[PDB]
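Participant: The chain contents come next:
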Amino acid sequence: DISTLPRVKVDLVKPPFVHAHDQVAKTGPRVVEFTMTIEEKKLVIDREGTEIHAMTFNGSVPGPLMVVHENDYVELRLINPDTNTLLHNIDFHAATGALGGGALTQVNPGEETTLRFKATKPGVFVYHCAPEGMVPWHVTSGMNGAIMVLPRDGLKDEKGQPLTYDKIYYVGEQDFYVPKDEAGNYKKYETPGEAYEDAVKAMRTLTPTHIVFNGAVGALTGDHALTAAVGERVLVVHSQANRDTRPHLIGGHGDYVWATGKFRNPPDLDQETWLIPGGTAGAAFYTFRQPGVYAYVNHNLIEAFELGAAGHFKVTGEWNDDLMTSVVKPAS
Amino acid sequence: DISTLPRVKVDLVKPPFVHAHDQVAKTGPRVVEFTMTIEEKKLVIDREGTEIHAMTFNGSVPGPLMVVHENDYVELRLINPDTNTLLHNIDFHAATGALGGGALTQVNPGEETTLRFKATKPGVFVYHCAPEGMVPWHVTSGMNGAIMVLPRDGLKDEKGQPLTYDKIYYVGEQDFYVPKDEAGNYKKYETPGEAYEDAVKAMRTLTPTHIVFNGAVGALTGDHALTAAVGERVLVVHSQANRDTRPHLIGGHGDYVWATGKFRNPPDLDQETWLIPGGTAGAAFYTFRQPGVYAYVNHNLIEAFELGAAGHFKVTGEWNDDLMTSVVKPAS
Amino acid sequence: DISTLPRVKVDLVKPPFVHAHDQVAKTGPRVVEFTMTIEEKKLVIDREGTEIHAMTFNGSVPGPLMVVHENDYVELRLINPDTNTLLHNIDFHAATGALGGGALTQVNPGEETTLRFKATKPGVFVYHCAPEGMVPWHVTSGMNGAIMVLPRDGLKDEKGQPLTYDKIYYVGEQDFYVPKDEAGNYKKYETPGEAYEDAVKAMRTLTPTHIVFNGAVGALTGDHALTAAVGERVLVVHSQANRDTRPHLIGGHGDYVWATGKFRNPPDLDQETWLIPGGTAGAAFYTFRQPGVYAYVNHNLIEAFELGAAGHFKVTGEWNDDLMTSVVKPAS
Ligand SMILES: O=N[O-]
Ligand SMILES: O=N[O-]
Ligand SMILES: O=N[O-]
Ligand SMILES: O=N[O-]
Ligand SMILES: O=N[O-]
Ligand SMILES: O=N[O-]
Ligand SMILES: O=N[O-]
Ligand SMILES: O=N[O-]
Ligand SMILES: O=N[O-]
Ligand SMILES: O=N[O-]
Ligand SMILES: O=N[O-]
Ligand SMILES: O=N[O-]
Ligand SMILES: O=N[O-]
Ligand SMILES: O=N[O-]
Ligand SMILES: O=N[O-]
Ligand SMILES: O=N[O-]
Ligand SMILES: O=N[O-]
Ligand SMILES: O=N[O-]
Ligand SMILES: [Cu+2]
Ligand SMILES: [Cu+2]
Ligand SMILES: [Cu+2]
Ligand SMILES: [Cu+2]
Ligand SMILES: [Cu+2]
Ligand SMILES: [Cu+2]
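Residue numbers (the deposited numbering), protein chains in the order written: chain A, 8 to 339; chain A', 8 to 339; chain A'', 8 to 339. A prime marks a further copy of an entry chain.
One or more hints might be untrue.
A pair counts as met if it fits within one copy or between any two copies, since identical chains are not told apart.
Stated by the list, open to error - Capping the alpha-carbon separation at 27 Å, the derived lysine-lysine pairs in BS3-like fashion look like this:
| hint | residue 1 | residue 2 |
| --- | --- | --- |
| 1 | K336 | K208 |
| 2 | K174 | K208 |
| 3 | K208 | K187 |
| 4 | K194 | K208 |
| 5 | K194 | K16 |
| 6 | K208 | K48 |
| 7 | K194 | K49 |
| 8 | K194 | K48 |
| 9 | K195 | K166 |
| 10 | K163 | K208 |
| 11 | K208 | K195 |
| 12 | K16 | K336 |
| 13 | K48 | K336 |
| 14 | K194 | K336 |
| 15 | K166 | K194 |
| 16 | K187 | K21 |
| 17 | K163 | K336 |
| 18 | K208 | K321 |
| 19 | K174 | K195 |
| 20 | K48 | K187 |
Because the hints were derived from the structure by calculation, they are not lab data.
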């Protein structure tokens with residue numbers, strides 16, 4: 008009887024940050040209420056000024072990370088304002104039935120809908136738009152995110168002991184397919200609908216023009232680099248709704264990794280690089296041991312350094328010479 | 008002494024169906040006899056009427072699923088009728104030695120051969136044609152299938168308890184590389200041999216023109232959708248002999264998954280999407296909990312919805328509102 | 008106090024061979040000293056005579072395999088002779104901090120440097136050059152290798168029992184992106200620097216022109232085929248610093264496989280094919296049971312047989328008819 012359960016309303020935050028939550032559940036099962044507003048918007052995705060018409064949940068690419076516990080109910084109010092132009096919906100990979108909710112959430116501009124599902128399987132999971140006949144166009148225009156369903160007793164290592172993170176970040180990785188003219192220059196369009204047949208052609212090459220974290224080349228750098236301190240335990244949730252990726256922390260490891268993101272399985276230990284298949288979210292746990300700049304990349308290094316799939320961590324603290332040291336500095 | 012073992016002759020069935028077998032072995036080890044006839048045939052692979060010269064085992068793409076138990080012997084009579092034009096052979100990934108049988112089964116048109124091997128490792132495994140110097144051309148023209156070697160005591164979950172399936176389907180996923188003219192139109196040829204150098208060029212792009220289940224765009228839809236009922240336990244065996252895929256059941260999960268297909272390993276639990284590497288067969292177990300239409304896709308959604316790698320399940324039974332419900336239907 | 012530890016100097020060998028080492032550590036922790044000299048050189052990579060300017064560690068592609076034990080210290084003297092033209096460095100995925108050593112090892116032509124790091128995690132790991140702003144160009148010109156950090160008590164199976172190998176080989180798999188003219192012919196350049204902007208363009212296609220083992224099409228064939236005898240236990244270490252691969256031993260299996268290369272995890276058993284993600288090293292253990300020629304391939308068979316990712320094993324010993332036999336040889 009869902010009417011007797013507590014309701015809690017969560018206000019979402021912009022990636023790569025994640026809304027406040029408890030790791031170990033401090034209440035019984037709840038109905039967790041979220042609201043998302045769909046926003047079609049122009050986005051500049053690279054240093055050259057290339058512009059696309061992005062399709063977003065809550066204004067960002069990726070959409071925000073939702074966090075619940077196993078056997079909570081997720082109730083999402085999804086709003087498609089009349090300032091948009093397309094029909095949208097939502098498919099949660101966490102959910103069971105009706106194409107993950109997709110069959111029940113088709114909203115034209117000026118409509119809203121409220122969906123409820125029970126979060127029966129713990130893990131991180133992708134969610135994405137999936138309108139009949141235009142599924143890859145919406146997804147590859149940015150209309151995807153993830154949801155984390157924590158076990159009620161939090162995360163566990165390969166021996167069943169508790170793993171507690173101090174910080175959590177969400178990296179959404181996006182493959183874009185910007186149409187090109189004859190000579191290879193990117194095309195601009197005034198409306199999303201203009202791009203349609205050119206988008207289909209660009210997608211069928213299976214070759215992205217850009218692969219980015221958090222919606223743009225260089226988004227997780229400079230003032231927007233991820234931060235941590237030596238000794239901190241960090242969980243990085245990484246999703247890719249359409250195409251395989253292989254995350255790597257340059258200068259670190261994945262101490263505990265759930266590459267396909269499902270927490271009833273034991274983690275893989277000591278990973279250098281891990282494969283997250285397209286249509287999946289994964290999670291990696293690392294304890295920082297050295298200060299400085301780290302790069303977090305898709306380790307197809309062309310995809311990283313030429314197409315955009317690279318961000319930075321900036322880590323403060325004390326250097327440990329026992330782990331690494333320069334014995335003789337570069338000299339002639 | 009193989010002469011004292013029982014022989015049993017199995018008549019194969021067309022994918023996605025699978026020949027009758029017992030999960031738990033009801034006899035001791037047997038010599039299991041199969042016959043396959045090679046058929047080169049014209050195939051229409053898409054809605055536009057694109058035609059290729061396919062190279063098939065037993066008339067289908069994929070070839071049929073063979074099912075034995077661990078430590079049975081597989082005896083295959085392979086027939087290459089004189090109405091074909093090419094030399095063919097067979098390589099079983101399940102077998103040990105002689106290039107998986109490939110070195111011993113080279114049959115010109117008008118020849119046959121009988122191979123026997125011991126099925127020493129349990130799992131699902133790819134088989135494919137692999138003639139010296141033309142291996143990828145045969146495989147990517149459809150000349151591949153799979154064999155399942157069950158443990159004698161059937162399948163087990165991660166705790167070693169029995170898993171029994173009620174139904175089993177075989178999805179063979181095929182990457183095709185149809186040659187194109189200058190403008191991008193598909194070429195037609197009168198014989199398989201005509202296509203050869205154009206096929207090599209198309210393959211070297213590493214970009215398929217079509218990726219299909221069961222030999223054509225839309226093959227596992229409509230009247231040919233897969234079926235199940237709420238409460239049924241379904242095993243889906245999925246192979247890809249040449250290129251990685253990432254299956255996903257839209258609206259469901261892989262409750263127990265052997266992504267690389269080998270049953271002495273514990274399954275991965277609660278998977279949203281899993282990676283089957285090219286040259287591998289995998290298997291996923293799911294118990295249906297909700298009725299309706301499900302889509303089973305490669306979750307590179309371009310490969311699914313633009314290139315053809317999507318099929319449907321149609322599931323009958325009772326809707327469970329506790330798992331999912333529309334609280335407020337789309338409305339303005 | 009590192010000054011009181013034993014030092015040992017290791018002389019490296021050319022892949023696919025591996026320098027002598029003990030599986031089970033016969034000493035306490037040591038400082039293990041290696042020297043590598045960077046060599047930019049012209050390399051012929053295919054039968055047609057296509058030439059590239061390769062960037063190598065110690066003259067080979069891949070660079071040599073280094074072998075230490077967990078909690079040894081690795082001290083590498085890296086030398087960039089003044090006959091080279093570019094700045095280079097080294098990033099070890101095995102190491103913790105400073106971009107895996109990359110930030111501390113930038114050597115112009117005519118410089119050297121000595122780096123020390125503690126090998127705290129057991130596994131096989133990639134190392135590669137990674138100079139600021141030109142990372143994929145160096146890596147995809149051949150400037151990568153691997154390091155194996157053995158547990159002090161050697162390798163273990165899924166039940167924690169010892170696994171001892173009789174022979175070990177190192178297969179480095181390399182994706183090359185040779186620039187092409189308008190018609191599709193490969194370009195030649197006099198110096199590495201000439202190629203730069205053409206290399207970036209070729210890389211951005213994400214489509215390699217060649218994928219090779221040990222630096223050339225056919226390198227591990229003929230007189231240079233890998234060898235073993237029936238009954239021998241062979242460990243094959245395989246790396247790919249930039250792009251996913253899916254190794255398969257044609258006619259065999261991976262009896263015990265660490266696909267992502269980290270030995271605190273239990274191995275996967277009975278693998279037909281396994282995925283090594285780009286930026287990773289993996290390891291497979293197999294006991295040969297049948298004599299003859301085996302092919303070891305990336306099982307995207309186009310990448311194998313058209314682009315070059317195939318080698319051979321030649322195995323001596325006795326044929327076992329119980330495992331496989333021709334019952335009726337090909338006949339009309
Ligand atoms: O405002 N662009 O959808
Ligand atoms: O856009 N309707 O709430
Ligand atoms: O599905 N693309 O890796
Ligand atoms: O192929 N996915 O990077
Ligand atoms: O070691 N990072 O490419
Ligand atoms: O899917 N579990 O890593
Ligand atoms: O009949 N075509 O091979
Ligand atoms: O085609 N010979 O049986
Ligand atoms: O091997 N192709 O994913
Ligand atoms: O790259 N395989 O879809
Ligand atoms: O959730 N299916 O793409
Ligand atoms: O290969 N076993 O999933
Ligand atoms: O000698 N070529 O770098
Ligand atoms: O090249 N300096 O040792
Ligand atoms: O990262 N390329 O498979
Ligand atoms: O996509 N890697 O073969
Ligand atoms: O079975 N080798 O492709
Ligand atoms: O990463 N261990 O296979
Ligand atoms: Cu949408
Ligand atoms: Cu999906
Ligand atoms: Cu054939
Ligand atoms: Cu094969
Ligand atoms: Cu370099
Ligand atoms: Cu790296």
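Participant: If a hint holds in the structure, say so; if it doesn't, say that too.
Facilitator: Hints, verified against the model:
1. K336 with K208: neither (52 Å within a copy, 35 Å between copies)
2. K174 with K208: neither (41 Å within a copy, 39 Å between copies)
3. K208 with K187: both (10 Å within a copy, 15 Å between copies)
4. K194 with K208: So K194 and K208 pass the 27 Å test inside a copy (13 Å) and across (19 Å) alike.
5. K194 with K16: Classified as neither: same-chain Cα gap 42 Å, cross-chain 58 Å, threshold 27 Å.
6. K208 with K48: Answer is within: at 22 Å inside a copy they meet the 27 Å cutoff, but 30 Å across does not.
7. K194 with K49: within (13 Å within a copy, 40 Å between copies)
8. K194 with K48: within (16 Å within a copy, 41 Å between copies)
9. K195 with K166: neither (53 Å within a copy, 56 Å between copies)
10. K163 with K208: neither (45 Å within a copy, 45 Å between copies)
11. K208 with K195: both (15 Å within a copy, 22 Å between copies)
12. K16 with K336: between (56 Å within a copy, 20 Å between copies)
13. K48 with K336: between (50 Å within a copy, 26 Å between copies)
14. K194 with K336: neither (48 Å within a copy, 38 Å between copies)
15. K166 with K194: neither (53 Å within a copy, 55 Å between copies)
16. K187 with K21: neither (31 Å within a copy, 43 Å between copies)
17. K163 with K336: neither (42 Å within a copy, 39 Å between copies)
18. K208 with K321: neither (40 Å within a copy, 31 Å between copies)
19. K174 with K195: The answer is neither: 39 Å in one copy and 50 Å across copies each exceed 27 Å.
20. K48 with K187: Classified as within; 20 Å inside a copy, 37 Å across copies.
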